[PDB]
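Please model the complete structure; the sequences and the hints are all you need to start from.
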Amino acid sequence: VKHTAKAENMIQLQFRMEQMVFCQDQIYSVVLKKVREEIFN
Amino acid sequence: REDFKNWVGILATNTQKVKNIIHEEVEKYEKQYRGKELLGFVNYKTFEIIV
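So the sequence lines, in the order shown, correspond to chains l and m. Just so we're aligned, residue 558 is where the first sequence starts under PDB author numbering, counting upward by one. Just so we're aligned, residue 455 is where the second sequence starts under PDB author numbering, counting upward by one.
Be careful, since some hints might not be right.
With a cut-off of at most 30 Å between alpha-carbon atoms, the simulated DSSO-like pairs for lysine-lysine come out as follows [stated by the list, open to error]:
#	chain 1	residue 1	chain 2	residue 2
1	m	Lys482	l	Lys590
2	m	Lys482	l	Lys591
3	m	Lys499	m	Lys473
4	l	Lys590	m	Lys471
5	m	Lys471	m	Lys490
6	m	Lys482	m	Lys471
7	m	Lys485	l	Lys591
8	l	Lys590	m	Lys490
Everything labelled a hint here was simulated from the structure, so no lab data went into it.
As structure tokens, then:
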């Protein structure tokens with residue numbers, strides 16, 4: 558029980574983090590994937 | 455008409471010239487303004503100010 562509660566809060570916190578749109582360098586690889594799918598193809 | 459044909463030449467010439475302005479603006483936008491604005495995407499206010 559002590560650990561099911563640690564576990565249950567942590568999942569909640571990780572989702573609480575993902576409400577913010579945060580952008581980083583690894584988007585270029587997948588912005589190339591748009592040009593692959595929707596423009597070259 | 456000689457003058458009005460010249461006026462297209464100025465519009466093209468001036469369209470070459472603004473490239474120094476936009477350049478400086480983009481490095482101001484890069485070092486600040488879209489990173490101020492939570493990281494887009496293209497920003498409209500930088501695009502409005504240059505024109």
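To see whether the hints hold, each was checked on the structure:
{"no.": "1", "hint": "m/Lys482 <-> l/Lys590", "verdict": "holds (28 Å)"}
{"no.": "2", "hint": "m/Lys482 <-> l/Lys591", "verdict": "holds (28 Å)"}
{"no.": "3", "hint": "m/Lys499 <-> m/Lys473", "verdict": "holds (18 Å)"}
{"no.": "4", "hint": "l/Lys590 <-> m/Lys471", "verdict": "violated (35 Å)"}
{"no.": "5", "hint": "m/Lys471 <-> m/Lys490", "verdict": "holds (28 Å)"}
{"no.": "6", "hint": "m/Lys482 <-> m/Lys471", "verdict": "holds (19 Å)"}
{"no.": "7", "hint": "m/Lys485 <-> l/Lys591", "verdict": "holds (26 Å)"}
{"no.": "8", "hint": "l/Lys590 <-> m/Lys490", "verdict": "holds (27 Å)"}
Figure legend: structure checked against the earlier numbered hints; the only hint not met is number 4.
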